[PDB]
Amino acid sequence: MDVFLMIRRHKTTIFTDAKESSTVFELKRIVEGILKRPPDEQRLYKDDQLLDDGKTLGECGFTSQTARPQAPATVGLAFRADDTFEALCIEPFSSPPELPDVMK
Amino acid sequence: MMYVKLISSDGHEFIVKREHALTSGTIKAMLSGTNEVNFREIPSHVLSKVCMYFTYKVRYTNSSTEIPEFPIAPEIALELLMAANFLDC
Amino acid sequence: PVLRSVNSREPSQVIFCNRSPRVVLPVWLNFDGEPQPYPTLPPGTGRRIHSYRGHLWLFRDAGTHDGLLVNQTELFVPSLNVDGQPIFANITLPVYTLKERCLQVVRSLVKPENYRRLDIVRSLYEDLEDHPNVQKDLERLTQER
Ligand SMILES: Cc1ncsc1-c1ccc([C@H](C)NC(=O)[C@@H]2C[C@@H](O)CN2C(=O)[C@@H]2CCCCN2C(=O)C2(F)CC2)cc1
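Protein chains in written order, with the numbering used here: chain L, 1 to 104; chain H, 1001 to 1089; chain X, 2001 to 2145.
Since the hints were made in silico from the structure, they are not lab data.
A portion of the hints provided could be inaccurate.
One side only, chain X facing chain L, incomplete, derived with CB under 7 Å [claimed, not checked]:
id: 1; residue: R2107
id: 2; residue: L2109
id: 3; residue: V2110
id: 4; residue: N2114
Here are the simulated EDC-like cross-link-like pairs (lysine to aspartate or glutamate), alpha carbons at most 16 Å apart as the crow flies [said to hold, decoys possible]:
id: 5; chain 1: X; residue 1: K2111; chain 2: L; residue 2: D101
id: 6; chain 1: L; residue 1: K104; chain 2: X; residue 2: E2113
id: 7; chain 1: H; residue 1: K1017; chain 2: L; residue 2: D101
id: 8; chain 1: L; residue 1: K11; chain 2: H; residue 2: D1010
id: 9; chain 1: L; residue 1: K11; chain 2: H; residue 2: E1013
id: 10; chain 1: X; residue 1: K2099; chain 2: H; residue 2: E1069
id: 11; chain 1: L; residue 1: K104; chain 2: H; residue 2: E1075
id: 12; chain 1: L; residue 1: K36; chain 2: L; residue 2: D101
So the derived label-pair ranges between C-beta atoms look like this [as the list claims (entries may be wrong)]:
id: 13; chain 1: X; residue 1: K2111; chain 2: L; residue 2: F79; range: 49 to 57 Å
id: 14; chain 1: X; residue 1: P2001; chain 2: L; residue 2: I34; range: 52 to 60 Å
id: 15; chain 1: X; residue 1: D2130; chain 2: H; residue 2: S1063; range: 27 to 35 Å
id: 16; chain 1: L; residue 1: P97; chain 2: X; residue 2: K2111; range: 33 to 41 Å
id: 17; chain 1: X; residue 1: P2042; chain 2: H; residue 2: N1062; range: 22 to 30 Å
id: 18; chain 1: X; residue 1: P2042; chain 2: L; residue 2: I90; range: 36 to 44 Å
id: 19; chain 1: X; residue 1: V2023; chain 2: L; residue 2: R80; range: 49 to 57 Å
id: 20; chain 1: X; residue 1: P2086; chain 2: L; residue 2: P97; range: 45 to 53 Å
id: 21; chain 1: H; residue 1: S1032; chain 2: L; residue 2: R80; range: 33 to 41 Å
id: 22; chain 1: L; residue 1: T66; chain 2: X; residue 2: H2050; range: 36 to 44 Å
Here a beta-carbon is modelled for each residue, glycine too, at the ideal position from N, C-alpha and C.
With the rest of the complex left out, here is chain L:
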């Protein structure tokens, strides 16, 4: 089963897919190809929870039910700046305007 993800750090969001059976480390390899930071300089999160390299995405709760093309699941990403890791930070998207009267 394919799972559909948004990998998010600060103001960066990667749309990609992966196998349910693929590992956190293998997702870091994806991120490495794109953002040019090695797995070992990366932390990945589900919500606030650090994910272990060797675990599958399924075991971390990314399933076909929850990680859909039209509603992908979010993986948090933090980089190790030189020595130590930054705190996980993710900028929210902008706020929609108020519904117009004729739409309320």
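Keeping the supplied structure of chain L fixed, place chains H and X with the ligand upon it in accordance with the hints.
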């Protein structure tokens, strides 16, 4: 996969597969006019939804597996319509 | 007309399978080519129906007349029954364009009197009012033949 970067008006960077972005004739023209594009007029809450659409469309075109509704929140519907018209998506 | 049912009088048993979240309106093209509506199908329900070889059907959203697919195409023609097996008509959402999908949602939220009040380019205003319509679609489909 080769990737391209799509940047919203508020500076959010959406990184998507190249193959997905060329679904849009407008974006293809903007990239061959580089692998980054800036959208002065599309905020992140709209452009994020556009990227989900690419994923959705590529997954379900020519699929016998029953297709689910592409969801659009009312609050963003109006701006997404304008973006879709510009992007011809 | 060009798109019309042939009056074969050869029974063909059919299952209308609604695999969409829409209320489905089946539409039979009668022997003059005029669209005739049939009773609606709730989301996720099925119905055994008696039709005929060479008859033409298309399927819409009952509320909005948005186009739906049947066996991954627009028109369904019942064929020969093998071993008394009814023909399955799988009714599905198309992949709407992002634009058409937005148009659907905006039309669902805004009374047509108020379209002109929305803050959009005029060309998009003309697009909202030009609703999906069976009569429109048969002209297109007839010419593409
Ligand atoms: C309950 C429900 N939900 C969704 S559809 C539905 C539904 C309800 C009733 C039916 C009835 C039994 N059959 C038809 O109307 C079929 C389907 C299509 O071939 C047109 N036709 C017909 O029966 C056509 C049109 C009506 C007069 C007779 N006729 C003939 O051709 C002839 F023999 C040469 C005279 C079919 C479906």
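message: A range of 22 to 30 Å was offered for this pair. Does it hold for the Cβ distance of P2042 of chain X and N1062 of chain H?
response: holds, 27 Å
field: Hint check: 7 Å Cβ-Cβ cutoff, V2110 of chain X to chain L
entry: holds, 5 Å
- request: Could you check if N2114 of chain X really has its C-beta closer than 7 Å to a C-beta on chain L?
  value: Holds, because the Cβ-Cβ distance from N2114 of chain X to chain L comes to roughly 4 Å (cut-off 7 Å).
query: Keeping to a limit of 16 Å between CA atoms, is the pair of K1017 of chain H and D101 of chain L held or broken?
result: violated, 38 Å
query: Straight-line Cα separation of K104 of chain L and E2113 of chain X no greater than 16 Å?
result: holds, 15 Å
message: For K11 of chain L and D1010 of chain H, compute the direct alpha-carbon distance and say whether it is at most 16 Å.
response: holds, 9 Å
- prompt: With 7 Å as the cut and Cβ atoms as the points, is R2107 of chain X at the interface with chain L?
  reply: Cβ of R2107 of chain X sits 11 Å from chain L, so the hint is violated.
- request: Given the range 52 to 60 Å, decide if the beta-carbon distance of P2001 of chain X to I34 of chain L lies inside it.
  value: holds, 55 Å
query: When you check the alpha-carbon spacing of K11 of chain L and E1013 of chain H, does it fall within 16 Å?
result: Cα-Cα ~6 Å, so holds.
- prompt: Does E1075 of chain H lie within 16 Å of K104 of chain L when you go C-alpha to C-alpha?
  reply: Roughly 10 Å separates the two Cα atoms, so the pair holds.
message: For a C-alpha distance cap of 16 Å, please report whether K36 of chain L and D101 of chain L respect it.
response: violated, 47 Å
field: Distance restraint evaluation - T66 of chain L, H2050 of chain X, Cβ atoms, bounds 36 to 44 Å
entry: Holds: the Cβ-Cβ distance is about 43 Å, inside 36 to 44 Å.
In this structure, the earlier hints numbered 1, 7, 12 and 16 are contradicted, and the remaining ones agree with it.
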